[PDB]
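Asker: Next come the chains, spelled out residue by residue.
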Amino acid sequence: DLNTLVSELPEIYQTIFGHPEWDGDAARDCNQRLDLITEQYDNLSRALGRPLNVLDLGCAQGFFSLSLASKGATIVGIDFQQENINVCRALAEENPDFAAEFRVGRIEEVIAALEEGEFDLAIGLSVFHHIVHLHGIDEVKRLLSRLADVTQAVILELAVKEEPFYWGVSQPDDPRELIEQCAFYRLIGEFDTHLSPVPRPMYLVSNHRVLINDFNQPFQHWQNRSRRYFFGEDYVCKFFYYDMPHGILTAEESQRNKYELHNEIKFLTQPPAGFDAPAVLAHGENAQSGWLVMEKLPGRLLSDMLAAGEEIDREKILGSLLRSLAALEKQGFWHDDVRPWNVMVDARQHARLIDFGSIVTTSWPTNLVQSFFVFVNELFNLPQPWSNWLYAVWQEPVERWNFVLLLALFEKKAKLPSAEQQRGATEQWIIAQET
Amino acid sequence: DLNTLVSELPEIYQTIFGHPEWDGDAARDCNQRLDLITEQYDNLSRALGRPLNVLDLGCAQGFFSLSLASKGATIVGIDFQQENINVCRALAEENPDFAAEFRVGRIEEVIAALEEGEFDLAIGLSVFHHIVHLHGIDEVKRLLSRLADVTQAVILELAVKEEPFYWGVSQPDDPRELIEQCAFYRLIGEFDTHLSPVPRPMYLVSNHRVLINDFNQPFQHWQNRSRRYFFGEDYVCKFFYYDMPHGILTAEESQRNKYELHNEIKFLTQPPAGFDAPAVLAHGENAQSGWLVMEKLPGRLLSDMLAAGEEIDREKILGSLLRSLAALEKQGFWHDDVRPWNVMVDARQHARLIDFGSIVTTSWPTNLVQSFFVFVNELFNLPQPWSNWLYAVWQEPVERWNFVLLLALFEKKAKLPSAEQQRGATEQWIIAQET
Amino acid sequence: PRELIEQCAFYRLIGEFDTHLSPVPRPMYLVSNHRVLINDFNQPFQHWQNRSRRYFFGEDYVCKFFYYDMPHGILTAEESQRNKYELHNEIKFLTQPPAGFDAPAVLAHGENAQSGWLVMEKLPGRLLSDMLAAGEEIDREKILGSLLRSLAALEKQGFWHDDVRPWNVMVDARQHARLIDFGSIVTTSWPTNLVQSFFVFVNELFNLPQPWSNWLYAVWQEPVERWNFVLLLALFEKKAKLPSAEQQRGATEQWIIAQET
Ligand SMILES: C[S@@+](CC[C@H](N)C(=O)[O-])C[C@H]1O[C@@H](n2cnc3c(N)ncnc32)[C@H](O)[C@@H]1O
Ligand SMILES: C[S@@+](CC[C@H](N)C(=O)[O-])C[C@H]1O[C@@H](n2cnc3c(N)ncnc32)[C@H](O)[C@@H]1O
Ligand SMILES: O=c1cc(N2CCOCC2)oc2c(-c3ccccc3)cccc12
Ligand SMILES: O=c1cc(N2CCOCC2)oc2c(-c3ccccc3)cccc12
Ligand SMILES: O=c1cc(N2CCOCC2)oc2c(-c3ccccc3)cccc12
Ligand SMILES: [Cl-]
Ligand SMILES: [Cl-]
Ligand SMILES: [Cl-]
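Chains as they are written, first to last, in PDB author numbering: chain A, 4 to 227, 239 to 376, 381 to 398, 417 to 471; chain A', 4 to 227, 239 to 376, 381 to 398, 417 to 471; chain A'', 178 to 227, 239 to 376, 381 to 398, 417 to 471. A prime marks a further copy of an entry chain.
Please keep in mind that the hints were generated in silico from the structure rather than gathered at the bench.
Keep in mind that a hint or two might mislead.
As the list claims (entries may be wrong) - Below, in silico cross-link-like pairs of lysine-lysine (DSSO-like), each with a Cα-Cα straight-line distance of 30 Å or less:
(1) A:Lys164 - A':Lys451
(2) A':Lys330 - A':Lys448
(3) A':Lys344 - A':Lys451
(4) A:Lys344 - A:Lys330
(5) A:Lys144 - A':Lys448
(6) A:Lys448 - A:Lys330
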């Protein structure tokens, strides 16, 4: 009988599915977490085009398991207390069409035994802090990595050290230390536990997909540490953290990240005429982070080609870059931050800027022209006619320095007088000194 | 002045009796516990026919003490904080007709000094976990035993390990480990502490009385471990636990207990004509347990008589049992589970079944006839004419096996042919093999 | 060293090397969580299951992988040798099946000192033991008849299966059953013992209502030299016409079978 199985629960942690006579007794009503979890279930189910297999770790009285089985999910619920599992099976028996199984088992053993592809979605709500408390942080991170490795998505609600209880003392400094080794993660909500005023963050995590409410796609590789890049078949997703764990970002740096991304979004959604910019496939910002999905460009980053000493055509790289810098300038745009790590080189040795967070609209623009000289020097130090080019620019009154001029003198550099035949000289040492 | 004594309380744990200006400040309102405690006070007072002497251990600000003294109880309240006792006496002085005394003392010392008969009822609400936390579980069990030994009834509210605080870690696995050595105990409610979402069970416990809301009587002995039997002057109370501590019962076993008792109740309240069944004096079931009070039968259990090798008349035991089995069968009833531990033998060597939880109403009934053969063998291996009896039954087509037939062949067994003169033979080895 | 890898899905010792530090060589293992990597058959699998036998399931194959050499006390000399014998035997049966019996096609096979493997076409359905445990609905008529029909066909060609259990039988969606573990196939009062355990099988499958009990009772009346699978199948097909067991003495055989079980 259910009355008996319920009374024997050491704790009525969750709502008893379909049995509201216990809602007043449940530690946690579960409706807020459920609303968020069903939404993420729908997203991933829509993306995969089918009902999902769901794993529920530390599933307690089965509420999220049954509730998802109710929407047509196939669920396995795991808990290490026999009493919790007894209630789960009795509830599944009241719902014989739900495809729902429950097992007494330890989460550590189950994760060691999972096979990639068995489950699309795993949920682990308020369970891992127990494992943290007994096995430590490193083991939990490896468990969580493997859980992300073998599913499409993981949803975690994580207890935090700010909670007032003795076990809080064993928690990482920040719940993100448990998951930051995973590829993709995004805070999706914050929940009241009824134990204290400190809420628990809920995270959506994946080692296989970009899971953004608007764009749900596998990626095949990813790279960095408060910016992440996910590479899919024809996209790059640029993911910025504003809110970072630990001392990582200063107020200042969070705000630059935010500003740079907002700015990249604004530039790319309304590019200037005369400039070829990557198409924007999706974008969004929230308190913790912001993201931008773009069409993916071919080639390698210039910094890589220089580090991994691969062969480069500096004429073609400089000319193509300068041509775009001049086109930009004609429309009243400039790039603050022209560096080898911001430039991509395609197979035909043509270059383009890739980080548009540093695009600005307002002795301008002499400072930028100046650092471009440095850029040129790092790119190589200067042989003729490159040195002749720089020397001609140095002879210009300063109010004439701009990118149209830089480009025009670059295109005629073979006809310009020989710098080493003049005094000359100076400008050599100035640029060399910044570098 | 009371204002002062109250402000000096380290904690306003309870409502200040008669002073509602502090109800907003009290940790616990106490009205829910009080409602339950007054009800149990009334029951026991009605059964003893007089006002009760009540002991209140760790009585804090005196609320339950004063509230019971208000209904005419004589109360002694004990607490080890001077501040709590100061408030208790000032409140008793506002109520000079209440027969109420308060003492600063330790619960451990007070219980060591109690004399049986001084107090009818003791209450210990949310106090013993402190003693558990300092002296351990074994000492607390002995304290609780002695408290049950020297009173008629004890009411305990017990903290549990599921509560979120550091001291929970010192608690038994299950609060019932503190009391299960006591004879009678029954969960009567579950209370919100305002420290957390985990409620505290309240237990009614006795080493002298069956305390069932409908039947409140001394018992003189008791026996077993999820079934208990209390023996009073003309009753047996059969008490079944559905909800047990620890791994004790499986879902399966709780449900059998429930079903068996429900079934015993249904059979005994409407017995078949032609069968003499023990009269039912009271019965009830709830989530944790169920109980049945019956008139008490004379004699000893057959299993005891066999173990303690006391002398038996197998003819009279078998015939009288068979006669009742046949009468039952005629009315469409059978007993699933005819064993020596289910049979009682009176001084005239006549036997009767005592456990009717295994009574059923639907090749039936061959399996039962079969195990009866085993029963017969355990009871003894077979000399003549017993073996001749079994051999005759074995010769019957199976659709004819039933208890009327078993009884009829048993009564004529001295005239039946000699089994050892036939082949014979088999059936000997079959039964011997189950056994 | 296998404790370091046995949690991985697929692993196979491929050699043993001299380190020049000592006379003790170091094993080399090939390990995968995604592919069956057998020198002759190299394919992804999508799931796997058990603990000295492993099963890998790919799109149209099952790979059956037997360990002869196990870590720790796991297998006795005896048990390694049974594993070896059972797999060798499954290979020999399946590569030359009897006419009149439909057997899974063999896609690859091999044995070495540590282990042996067999890749077969994959059958549809669920294992009978699962359907009984996970109490899913079954047609015992169709399961028993189809099984018996194959047991009789086998017997006609001089083959028997030693070990007919729910965990050795697969049931397709049309409730038709087939044997799946052919390591227990034998070629030589035979075959009474097997007929006997089949009675137990029948009982576990359910205890017996009519006409099932009538079927068993008829068999029990047969002189023992007549017990075989052709007979079992023939009496099973006519069980609705056989006399009622409970109208006879009867009786015995009920208790005998019930007692083994
Ligand atoms: C705080 S509750 C959370 C229950 C449920 N996940 C929820 O949030 O609604 C933690 C649950 O995990 C279970 N649990 C804790 N550690 C576990 C482990 N190592 N393996 C399996 N279950 C565990 C406990 O039995 C308990 O039901
Ligand atoms: C949590 S409060 C409960 C008060 C009261 N029984 C109630 O439930 O309303 C525990 C009380 O027990 C008292 N106390 C704790 N340990 C004690 C001991 N060993 N002897 C006497 N009093 C004690 C404390 O002073 C405190 O008033
Ligand atoms: O469109 C892009 C294509 C790439 N390439 C595509 C092939 O993989 C190597 C990187 O990278 C981009 C990056 C980037 C970020 C980190 C490292 C390297 C490149 C930033 C913005 C846009 C792109
Ligand atoms: O009416 C009854 C009388 C007794 N007797 C009465 C004298 O004391 C010995 C037991 O016992 C009963 C038991 C029982 C339970 C445990 C042990 C022994 C008996 C169960 C049900 C009914 C009765
Ligand atoms: O062809 C087969 C198909 C299957 N099925 C196919 C679908 O997955 C469930 C198992 O299983 C087989 C097994 C087996 C081994 C372990 C568990 C269950 C089955 C053994 C031999 C052959 C097969
Ligand atoms: Cl957690
Ligand atoms: Cl307590
Ligand atoms: Cl704490």
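Asker: Hey, A':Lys330 versus A':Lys448, does the alpha-carbon distance stay inside 30 Å?
Answerer: holds (14 Å)
Asker: Quickly compare the C-alpha distance for A:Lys164 and A':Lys451 to 30 Å and report which way the hint goes.
Answerer: Violated: A:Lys164 and A':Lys451 sit about 86 Å apart, past 30 Å.
Asker: What's the verdict on A':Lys344 and A':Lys451, does the C-alpha distance respect the 30 Å limit or exceed it?
Answerer: It holds: about 25 Å lies between the C-alpha atoms, which stays within 30 Å.
Asker: Can you confirm whether the C-alpha distance between A:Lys144 and A':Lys448 stays at or below 30 Å?
Answerer: violated (79 Å)
Asker: Please verify whether A:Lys448 and A:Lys330 have alpha carbons no more than 30 Å apart.
Answerer: The hint holds at about 14 Å.
Asker: Check whether the Cα positions of A:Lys344 and A:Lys330 lie no farther apart than 30 Å.
Answerer: Answer holds: A:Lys344 to A:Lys330 is near 21 Å, not above 30 Å.
When the structure is compared with the earlier hints, violations turn up for hints 1, 5 and for no others.
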